[PDB]
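Just the one chain here, laid out as structure tokens, in the form deposited in one PDB entry.
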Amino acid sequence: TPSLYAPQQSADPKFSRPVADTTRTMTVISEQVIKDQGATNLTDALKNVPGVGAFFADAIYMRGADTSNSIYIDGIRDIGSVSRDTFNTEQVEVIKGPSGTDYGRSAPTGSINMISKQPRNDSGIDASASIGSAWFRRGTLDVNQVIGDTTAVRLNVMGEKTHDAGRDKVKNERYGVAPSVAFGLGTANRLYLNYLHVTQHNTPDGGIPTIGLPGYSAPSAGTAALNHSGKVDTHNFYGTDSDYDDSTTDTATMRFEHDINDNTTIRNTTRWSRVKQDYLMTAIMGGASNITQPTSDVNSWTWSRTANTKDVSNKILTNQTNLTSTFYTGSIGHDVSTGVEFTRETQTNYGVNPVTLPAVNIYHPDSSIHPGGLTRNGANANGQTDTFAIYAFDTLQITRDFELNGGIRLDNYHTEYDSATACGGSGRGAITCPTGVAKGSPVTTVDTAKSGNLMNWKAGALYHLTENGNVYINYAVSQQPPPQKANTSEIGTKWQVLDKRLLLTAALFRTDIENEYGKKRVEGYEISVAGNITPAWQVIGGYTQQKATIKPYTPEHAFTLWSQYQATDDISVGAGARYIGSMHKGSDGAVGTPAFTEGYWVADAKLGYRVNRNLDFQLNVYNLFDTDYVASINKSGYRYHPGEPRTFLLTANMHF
């Protein structure tokens, strides 16, 4: 049977073949891995993919490219930019390399697809309660109930509140509710209805000065004392008691499926979703012109505070039709996947008055101040993108051993954008009032439309060398809206060994991007392992070696491995280790800021104890050696996020 650590099939019907028979570098992170590791969010889940992390500012990076706009939920773009909890996730599908034929407007470096939980054919209840470091509390509930011969419901509930063990005042609070019903299970006609609501209320973290890090230099001769005063206390909060981050997600999904016959299925999915967010966060600046020296003693010196504010609403409405069909023409088998997608996305950024923040003491920051919140001023920016997309995939079974595949996708989009600024101010990009226009009036500065076409295509071939091993090649030609062109070549090999419960892959890749700014190249090597070495022994991890020629936020070496062993009927033990290579900032870094970050190791451990079939406990320890490191650094180079210290998570799991 399948390993819980190596799901055999993508959930997306655009993938007609099992992962091991797919000519792409594709890692699936199962629900069981997420649970065993205590992963509460997408970023945590992604520790199982080497090199993928939120190294910037915080945004997730893959192969040197921001991936924030290449996150999907059930194959539909995730709108807005909020952290994603794992409570409603069945698995996470990560493609390393292009996926424009599958999603159109995605990063040619990789995509991430979170697969939502659906009603199952069995009845059961799981619940979890957790306590952890820094007042961490979390509760989850997952109820599945079969309600007739062909109907099932599922409900997932989550609540979490925590402070931050490494950071004063930073905190996160959220809850989520995700009810579903499915009709017609086990028949030719199925209807899935999904809803999801999440609310978050957080204190955001702008990070801390980079003084004293490797590569840091004071920005002037007159501030040379900062070459000797040392790293600031990594627990220091440089924001204010007014900083906050609020968001809500509301998503409704309706999926109809009709089997035309045993080998042909048509699907229609409608989703409406809205993500609202507003925040006030403190960004600190440490250039010569940002530093105040009330006396010559550095204990009195300050850096300037900048308010990073946002008040935004994103909406999407999309309808997607997919058709899959398997049939022969002569001796050639066909696996077809084709469809059409209609989408409207909108975004409103609500204008707010400028917020002014007092300077912050470098070594003794005073965050007790209450500058106040945001006030809308009615000068808004509004955007709309309408997209029509059509695609076709086919895998040709030429012989038992040889398969050819290909896909093509066409996107046509229309984008409208308008923006108004309240005139007469001075902060940020202020505007002088036109003649006769009273101060503070919103003045339209942009009002434009645009249209464009994207073509994406890919072709691959795969040869089964043995019953267990194959070799494959894949080629993809991508393009995004500014048209950014990307070509990718890939050759790899995939092996299912140890009763086919363990998947081993290796791939070489080369990607060339033009019109990103000139041409870039990223090439390298990827190895991965997932599944069961023995019935008691589960592993998942990988290794990446890569080089990103320019012509940033990309480790050239990265490793991760998680290993779990069922030591007795009641005792299991797990441990993980990940290496993040050093990274370099070629551009944008201010004078004297670190031009590089050092590589580091992080280790994690787990102990599980089963009391009976209804109750088991789990202890997770994160950053077991309490290692000090730079988790990320912003583009300016003035501020960074320190790696979290050692933390603990203790969970009671109940099953009924």
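Here the rigid core means the biggest group of C-alpha atoms that line up within 1.5 Å when the two forms are laid on top of each other. Numbering follows the first chain given and starts at 1. Compared with the form deposited in another entry:
The comparison between these two forms, aligned on the rigid core, picks out a single residue among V443, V529, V312, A165 whose CA moves by 2 Å or more, and that residue is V443.
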The other form holds:
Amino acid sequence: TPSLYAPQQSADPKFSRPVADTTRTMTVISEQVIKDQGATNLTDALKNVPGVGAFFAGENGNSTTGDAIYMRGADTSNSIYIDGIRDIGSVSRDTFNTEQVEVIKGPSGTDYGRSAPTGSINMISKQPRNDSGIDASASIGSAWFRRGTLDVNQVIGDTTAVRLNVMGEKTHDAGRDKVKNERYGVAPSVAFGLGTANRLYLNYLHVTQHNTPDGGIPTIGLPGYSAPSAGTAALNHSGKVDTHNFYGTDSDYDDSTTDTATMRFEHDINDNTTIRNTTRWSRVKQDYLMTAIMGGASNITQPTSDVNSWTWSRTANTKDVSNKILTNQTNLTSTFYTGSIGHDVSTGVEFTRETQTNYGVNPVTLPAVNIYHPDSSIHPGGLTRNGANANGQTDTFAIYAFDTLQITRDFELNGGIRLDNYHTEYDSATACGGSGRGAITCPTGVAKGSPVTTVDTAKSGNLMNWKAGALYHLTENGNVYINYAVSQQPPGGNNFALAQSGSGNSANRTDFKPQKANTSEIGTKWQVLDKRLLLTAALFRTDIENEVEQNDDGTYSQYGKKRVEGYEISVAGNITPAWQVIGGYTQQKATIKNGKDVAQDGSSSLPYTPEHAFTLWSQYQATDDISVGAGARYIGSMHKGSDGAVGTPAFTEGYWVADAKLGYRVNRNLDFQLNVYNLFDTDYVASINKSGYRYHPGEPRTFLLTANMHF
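Next up, the form deposited in another entry, please; the one we just looked at was the form deposited in one PDB entry.
Partners and other molecules have been left off, which leaves just the chain.
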């Protein structure tokens, strides 16, 4: 029987073997784990994979929001898929309608097309079930947290059933003042022909969010903080700022809507061969007003020489954006023999249009903020569109073919080839007559504030990616594998932006090549204790090439090289019928092989990347009524990216977070849960910005009481 903590297979038909027989660093976080841990979003559920989280706060004109996930030494936020379909938006993704999350470390261009040199994160959506029931969850937690979720599956006919997922979350912040997060969701689904060779799945998903965004707090007092100048010397002795202090404005807001319609037709030609066709329309809106703080010598105002009077400048970080994705994906999976060789083929054709428009807004001039006693009770107002927007489009036609050749009962070979034919179009304009950062002068006969185009280009290209693996069953319980993969990210692949050919340092330069990630891997997977526990161990090397670097003369070129090398181990499943365990450890060394240093301390290291990361979670069924759980996360020391800012910590120190759980069940319809997070009320640096002026403090000890009603 399969363990609830270790799902046996990926829901993606692109994966022709179970997790154990898959030649990849794959982790499947189930709905069961999320529910026991009290995880309600992607980031929290991703804590189940070591060295995966939002480790970077942003720059000075921009700050990171939502699931700004860093995995394997780089921002992987653009490589977040829902049902094997790209989902782009600096918004938090809720787990109210996801059955499982699939994480793969080590990219492959064959898997989902263009990607970050990290791997893939895939949120698998809830579909209508054969059985009927209702599931409810009411939650009350620390800092006025409230959560209500409903999961209704109802069978209508012999071959038709409906599914409805409802959600409501209204909360405050336990360790941050004025920060409020409100969201709700509806997810209706209808499936026809269940149990037959013909099936139609129709799904809709709507999420509205109204949040108060946080831009962090001053890094004063942290290890490695120095005063920026002799004039501001006092800052070396004044100490750390109160972690609760909110430096934003009472006008700060973060509003986002998510609308995704999906239509899947599945036809079983035979008990071996099946054809699928998925159509999806999706739109992610997001508009926010945020506050970034600056504390260089030129940003510090000294009214009375007493540090309690001293102020830091405020900089508005705005966003008015829409991400639209229209796609059609055809997939065919067949199992057949070619003599003594068994085949497991997965092939398909995908057509996609991705749109990103950043509606320009008027500059928001914010006043200075007191360092130790900030006043956020100010109203500079919301946003006003100025007509000067950025438009990005990407038309993508991909054709793939994957095969797992079962050579013997003990030997397996597997391959894959994909061709992505793309066309990206980019334009961006700025309102003229401005004063500050990148202000364009108004030409003749052009009235003030008029949009003046700065970029208006396009890029077309082909992307040939491939993969290869071999697996050998040592015992009936354990195997040994090898894998190699090619992944590419073309100019305009990262965020639709492009640059005019022959000039800058941009990877998005239309004359530039894509960034290639070559991944070598040797591993071992083992299914023990009646196949109820999965133990894994891999050695990896991800080489990144065609990175942009400056030549001896001012001019730039793609001679740069990076390497993310390491060791991976993982545990998932049941130890005994009452003992459940999920987790792993990673030793990942991410360095610059060729090129300029990116780390602040001039080391060859890559920033916002822990070298060592550990995550363990266990649950024991103490008695028939009492279940007890515990968790432990270690995130290592990380380098801050290089920057002109003086006296800002060049790095953040490592931290250990511990969690606990205890569940009591009354009858078989009602059960209670109590989750305590950050059990030792440990303080730490969750993330730091590029300049190094601001950091996000570690979430303090927080409680969560849940009522679980099942039918």
